[PDB]
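Work out the full structure: start from the sequences and follow the hints.
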Amino acid sequence: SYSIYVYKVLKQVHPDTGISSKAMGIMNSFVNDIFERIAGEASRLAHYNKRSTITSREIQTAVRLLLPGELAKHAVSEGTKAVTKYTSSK
Amino acid sequence: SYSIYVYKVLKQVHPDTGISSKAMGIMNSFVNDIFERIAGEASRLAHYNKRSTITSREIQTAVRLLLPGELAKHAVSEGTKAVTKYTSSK
Amino acid sequence: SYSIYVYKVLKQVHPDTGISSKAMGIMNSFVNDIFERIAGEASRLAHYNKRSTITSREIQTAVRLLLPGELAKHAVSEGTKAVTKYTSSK
Amino acid sequence: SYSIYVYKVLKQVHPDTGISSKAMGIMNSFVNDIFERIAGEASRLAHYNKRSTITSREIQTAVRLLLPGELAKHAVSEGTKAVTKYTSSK
Amino acid sequence: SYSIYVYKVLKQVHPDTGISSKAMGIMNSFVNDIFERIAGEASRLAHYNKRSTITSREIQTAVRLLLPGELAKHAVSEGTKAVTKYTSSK
Amino acid sequence: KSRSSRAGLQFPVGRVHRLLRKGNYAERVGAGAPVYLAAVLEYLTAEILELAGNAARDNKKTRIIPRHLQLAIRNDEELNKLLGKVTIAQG
Amino acid sequence: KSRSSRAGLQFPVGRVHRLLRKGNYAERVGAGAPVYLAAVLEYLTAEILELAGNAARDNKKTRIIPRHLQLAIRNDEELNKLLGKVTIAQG
Amino acid sequence: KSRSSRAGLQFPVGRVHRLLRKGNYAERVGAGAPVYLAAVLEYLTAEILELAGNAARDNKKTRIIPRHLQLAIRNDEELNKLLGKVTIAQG
Amino acid sequence: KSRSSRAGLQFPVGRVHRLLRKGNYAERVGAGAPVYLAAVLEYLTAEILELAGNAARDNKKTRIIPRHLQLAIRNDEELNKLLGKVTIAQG
Amino acid sequence: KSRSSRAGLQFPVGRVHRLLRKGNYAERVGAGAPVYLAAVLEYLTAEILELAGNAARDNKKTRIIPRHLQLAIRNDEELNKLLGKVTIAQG
Numbered sequence: 036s037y038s039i040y041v042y043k044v045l046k047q048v049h050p051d052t053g054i055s056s057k058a059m060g061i062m063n064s065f066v067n068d069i070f071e072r073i074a075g076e077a078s079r080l081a082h083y084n085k086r087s088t089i090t091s092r093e094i095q096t097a098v099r100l101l102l103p104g105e106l107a108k109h110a111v112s113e114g115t116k117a118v119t120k121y122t123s124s125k
Numbered sequence: 036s037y038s039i040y041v042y043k044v045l046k047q048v049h050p051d052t053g054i055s056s057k058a059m060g061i062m063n064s065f066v067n068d069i070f071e072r073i074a075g076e077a078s079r080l081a082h083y084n085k086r087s088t089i090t091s092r093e094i095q096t097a098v099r100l101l102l103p104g105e106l107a108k109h110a111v112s113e114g115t116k117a118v119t120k121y122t123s124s125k
Numbered sequence: 036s037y038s039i040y041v042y043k044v045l046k047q048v049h050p051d052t053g054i055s056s057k058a059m060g061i062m063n064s065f066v067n068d069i070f071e072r073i074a075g076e077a078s079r080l081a082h083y084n085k086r087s088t089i090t091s092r093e094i095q096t097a098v099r100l101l102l103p104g105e106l107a108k109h110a111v112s113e114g115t116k117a118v119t120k121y122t123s124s125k
Numbered sequence: 036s037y038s039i040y041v042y043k044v045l046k047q048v049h050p051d052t053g054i055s056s057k058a059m060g061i062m063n064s065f066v067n068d069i070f071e072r073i074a075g076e077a078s079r080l081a082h083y084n085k086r087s088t089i090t091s092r093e094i095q096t097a098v099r100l101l102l103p104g105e106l107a108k109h110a111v112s113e114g115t116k117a118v119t120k121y122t123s124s125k
Numbered sequence: 036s037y038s039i040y041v042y043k044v045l046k047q048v049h050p051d052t053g054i055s056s057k058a059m060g061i062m063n064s065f066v067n068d069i070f071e072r073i074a075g076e077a078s079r080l081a082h083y084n085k086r087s088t089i090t091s092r093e094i095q096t097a098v099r100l101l102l103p104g105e106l107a108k109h110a111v112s113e114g115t116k117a118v119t120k121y122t123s124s125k
Numbered sequence: 015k016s017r018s019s020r021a022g023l024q025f026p027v028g029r030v031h032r033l034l035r036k037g038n039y040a041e042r043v044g045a046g047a048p049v050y051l052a053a054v055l056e057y058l059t060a061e062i063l064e065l066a067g068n069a070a071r072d073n074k075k076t077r078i079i080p081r082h083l084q085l086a087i088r089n090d091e092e093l094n095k096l097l098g099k100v101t102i103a104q105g
Numbered sequence: 015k016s017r018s019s020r021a022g023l024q025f026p027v028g029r030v031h032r033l034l035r036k037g038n039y040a041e042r043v044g045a046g047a048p049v050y051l052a053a054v055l056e057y058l059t060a061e062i063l064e065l066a067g068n069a070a071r072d073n074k075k076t077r078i079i080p081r082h083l084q085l086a087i088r089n090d091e092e093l094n095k096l097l098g099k100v101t102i103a104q105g
Numbered sequence: 015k016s017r018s019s020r021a022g023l024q025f026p027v028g029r030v031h032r033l034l035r036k037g038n039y040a041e042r043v044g045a046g047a048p049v050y051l052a053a054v055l056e057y058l059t060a061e062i063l064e065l066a067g068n069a070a071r072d073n074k075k076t077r078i079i080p081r082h083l084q085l086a087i088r089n090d091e092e093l094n095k096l097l098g099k100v101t102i103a104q105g
Numbered sequence: 015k016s017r018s019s020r021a022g023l024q025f026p027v028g029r030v031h032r033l034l035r036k037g038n039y040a041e042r043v044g045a046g047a048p049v050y051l052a053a054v055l056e057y058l059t060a061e062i063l064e065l066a067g068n069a070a071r072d073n074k075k076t077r078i079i080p081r082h083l084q085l086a087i088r089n090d091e092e093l094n095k096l097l098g099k100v101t102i103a104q105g
Numbered sequence: 015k016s017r018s019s020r021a022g023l024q025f026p027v028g029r030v031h032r033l034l035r036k037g038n039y040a041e042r043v044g045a046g047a048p049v050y051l052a053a054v055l056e057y058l059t060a061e062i063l064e065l066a067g068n069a070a071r072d073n074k075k076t077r078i079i080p081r082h083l084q085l086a087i088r089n090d091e092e093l094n095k096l097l098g099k100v101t102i103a104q105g
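If you're matching them up, the sequences are chains B, J, H, D, F, I, A, G, C and E in order.
Numbering of the first sequence is given in the deposited numbering, commencing with residue 36 and proceeding in unit increments.
Numbering of the second sequence is given in the deposited numbering, commencing with residue 36 and proceeding in unit increments.
Numbering of the third sequence is given in the deposited numbering, commencing with residue 36 and proceeding in unit increments.
Numbering of the fourth sequence is given in the deposited numbering, commencing with residue 36 and proceeding in unit increments.
Numbering of the fifth sequence is given in the deposited numbering, commencing with residue 36 and proceeding in unit increments.
Numbering of the sixth sequence is given in the deposited numbering, commencing with residue 15 and proceeding in unit increments.
Numbering of the seventh sequence is given in the deposited numbering, commencing with residue 15 and proceeding in unit increments.
Numbering of the eighth sequence is given in the deposited numbering, commencing with residue 15 and proceeding in unit increments.
Numbering of the ninth sequence is given in the deposited numbering, commencing with residue 15 and proceeding in unit increments.
Numbering of the tenth sequence is given in the deposited numbering, commencing with residue 15 and proceeding in unit increments.
These are computed hints drawn from the structure, not numbers from a lab.
A virtual CB, placed ideally from N, CA and C, is assigned to each residue, including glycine.
Hints may contain errors.
Taking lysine-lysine and the DSSO-like style, the derived pairs with C-alpha atoms no more than 27 angstroms apart in a straight line are [as the list claims (entries may be wrong)]:
id, chain 1, residue 1, chain 2, residue 2
1, B, 116, B, 43
2, C, 74, I, 74
3, B, 57, J, 108
4, J, 57, J, 43
5, E, 95, D, 108
6, I, 15, J, 120
7, E, 95, C, 99
8, I, 15, J, 46
9, D, 57, C, 99
10, I, 75, J, 57
11, D, 57, A, 75
12, J, 108, J, 43
13, A, 74, I, 75
Which stretches of chain H does chain G cover? Using the computed rule of at least three CB atoms under 8 angstroms from a CB of chain G, they are [unchecked claim]:
id, segment
14, 41-53
15, 69-77
16, 81-93
17, 116-123
Here it is as structure tokens:
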């Protein structure tokens, strides 16, 4: 389901280290998991603030809430970097 | 007591790795243990819901209650997969 | 003090592995310790139940109380096995 | 940002062991972090004691508060040693 | 400060294993530390019991209070053994 | 044909079925109950047996001894909770 | 051009966008939402995949098996919190 | 014949029997008491002695030194609880 | 002459001094403040850098990579508290 | 003859005696006080020094460096409590 991407990311990080199908299974579970987690909080944040739309501002706060200390700081940076490129990169 | 099966399962997982008699003793203790545990909760669940019969629906909830996080998710999948085959596989 | 026995038990378990005098010191401390512990609880159990004699039934309950989970189950088995042999083995 | 200094300190401690750029990134994060932490408490201490200036006496108390047990004792020594040299070393 | 003694004790325990100056620094910190700790409690015990003198009986109780489980038992033995030799060994 | 094979399992569905009623757990146990339980038992068995087999190789051996079960169980964070208050003899 | 490339990412922005609305999380999800989420997903993936790849080398192998993901996740103190109540199959 | 042999044990039933009464634990201690206690003592001894012997081999030696008892006790999760507040000299 | 050299330090006293006032921490920061802080920063840097360098050697390398900082920080009980809620990227 | 030798000790009984009174701990410290304290100090020194020496050998060296004291202290469960809030420089 994500195998394509996770493999693409793998080569990007270790361009010589392969990954097993069973290990790929795990990676896929991980991706779906934290997706479900983040979108859950994001959705929760939106209802609390009586907003009908999930902004990126919700994904961010959700990320701050769910992710550990410094692991969260990067995720925010990466997301802002990414969002900003996309928006400007019309 | 389970030695037959646990050995059968072993070859299925590691078709070249043997197991000691003493280690087999442990495996048997494990099987009886979690059996006792699961059937105990299942039975508990049935009395609470004033049902005279232990359905597979009780084994499942019992499994959710006793087993850890993600270790429980598979056990449910495996059980549903298994139950369904048996029911259809008349 | 127990060195004789603990050595006898050692050969029984590892008939080729020796033990240092200093390590033997420790083993002796261990034996006296848990002896003191078990007899203490046994004695406590007897006074609570206003019994003037320490039965093996007290040593057992004491063992259940002081020893961990499954480590206790064997100790009871071993003790019952042992007590029963002695009683029948007149 | 601190790379110069942290490298200078590195040679001083291990004059033959290099450090990666990525690892240098971490070191820089560390330096800024505990700087932010210490100055934060120092600043907090000054407002509490209604002082408009952050003395070295605040950096010290801040250090005692934020740093672990014995790791704090050295930091105080080092700072006092350092401050005193500078003051006398006009 | 204790370097003489700690070295003397070292040869007594490992008559072939040396110790670094920096490691010796640590050992000295250790000796002064637990000295400060033990004498502190000893002193505390004496004031509580309105005694103007710190007896060895205070050093002992202090040792029981500050030191762990079995690590304390030896320290008491060693101290009693030591005190007794000195007293008799006039 | 075998209830264990119909369910595609190794563990004895039948045996588990006997144990459920003998045990006096229930008044009457359903049909899928033992097959589900047998299924979970086989799963967990395979799980710990797998990790155990790995540890056996990692050292140097072919036979799995208690030490492996132990090292296995304790190292998996999830399995360690399940068998938290369990003592592996010679583990 | 691709939304995933416009954002300089590997993970499918589009897919993530579908999942956000299908999921019935929101009434309407914004434009940057999936791109931010896709971004975080890719990041975390790279992170654990990196540490995992390291552990694979450290032993002796080229293929990353669950054991590596496990050893990886459990050894990073920060990642261990995130996947605290997670069980790595064959980990 | 020996009470220790009649009970199929190594540990001194007799000695344990003396200690139970001398100790002023009880008013009168029964017959099976020391045999049960002696039995448990021997068991636990064998247990830790086994794990200890293993650790001795695992390193490289034939003689079990305190380090082994320590490494042994601390690694078994169950034994570690029992001797939780115990300090192994030179362990 | 240099304030960093007058204080016998490597870390930039001056820089630290700028950061203290820019930061809007204080109304006016004293003279010894940055020199003390710079001193503590250099100390801690040397500390973790030392332990890190050790771990680098212990494996087999000459360059210190994050893994070393990690292994270093986590193994020192005291440093582990300080950077308790800190995540070392690629650590 | 020496008070340290009369008590069969290495640690300076006399010194410990001076420290007890100088320290203003007591009004008057008894005769056995320093000898008992000196005794405990020497004991603990020998203890950690022993375990430390072991770790030094286990690696490959003859000189005990802080790392050994650390590894030593942290591995003994009992010593780890005593020096729980202690930071071993370069440990």
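Hint check:
The suggested pairing of residue 116 (chain B) with residue 43 (chain B) holds, with an alpha-carbon distance near 20 angstroms, which does not exceed 27 angstroms. Only pairs whose Cα atoms come within 27 angstroms are accepted, and residue 74 (chain C) paired with residue 74 (chain I) is accepted, the gap being roughly 24 angstroms. About 16 angstroms separates the Cα atoms of residue 57 (chain B) and residue 108 (chain J), which keeps this hinted pair within 27 angstroms; it holds. Between the alpha carbons of residue 57 (chain J) and residue 43 (chain J) the distance comes to roughly 17 angstroms, so the proposed pair stays at or under 27 angstroms and holds.
Distance check on the hinted pair: residue 95 (chain E) and residue 108 (chain D) sit about 20 angstroms apart at the alpha-carbon level, within 27 angstroms; holds. For a cut-off of 27 angstroms, the pair hint linking residue 15 (chain I) to residue 120 (chain J) stands: about 14 angstroms separates their Cα positions. Taken as a hint, the residue 95 (chain E) and residue 99 (chain C) pair is honoured in the structure, with Cα atoms around 23 angstroms apart against an allowance of 27 angstroms. A distance of roughly 23 angstroms separates the Cα atoms of residue 15 (chain I) and residue 46 (chain J); the hinted pair therefore holds under the 27 angstroms criterion.
Between the alpha carbons of residue 57 (chain D) and residue 99 (chain C) the distance comes to roughly 20 angstroms, so the proposed pair stays at or under 27 angstroms and holds. As the CA atoms of residue 75 (chain I) and residue 57 (chain J) are separated by approximately 16 angstroms, the hinted pair is consistent with the 27 angstroms bound. Restraint check for residue 57 (chain D) and residue 75 (chain A): the C-alpha separation of about 24 angstroms stays at or below 27 angstroms, so the hint holds. For a cut-off of 27 angstroms, the pair hint linking residue 108 (chain J) to residue 43 (chain J) stands: about 24 angstroms separates their Cα positions.
For the suggested pair residue 74 (chain A) and residue 75 (chain I), the alpha carbons sit about 18 angstroms apart, so the restraint of at most 27 angstroms is met. Note: the segment 41-53 of chain H has 10 residues with beta-carbon separation from chain G under 8 angstroms; the three-residue rule is met and the coverage holds. Judged by the Cβ-Cβ criterion of 8 angstroms, the segment 69-77 of chain H is covered by chain G as claimed, because 6 of its residues qualify and three suffice. For the segment 81-93 of chain H, the assignment as covered by chain G holds, since 7 residues bring a beta-carbon within under 8 angstroms of that chain's beta-carbons and 3 suffice.
Only residues whose C-beta sits within less than 8 angstroms of a C-beta in chain G count toward coverage, and the segment 116-123 of chain H has 6 of them, enough to reach three; the restraint holds.
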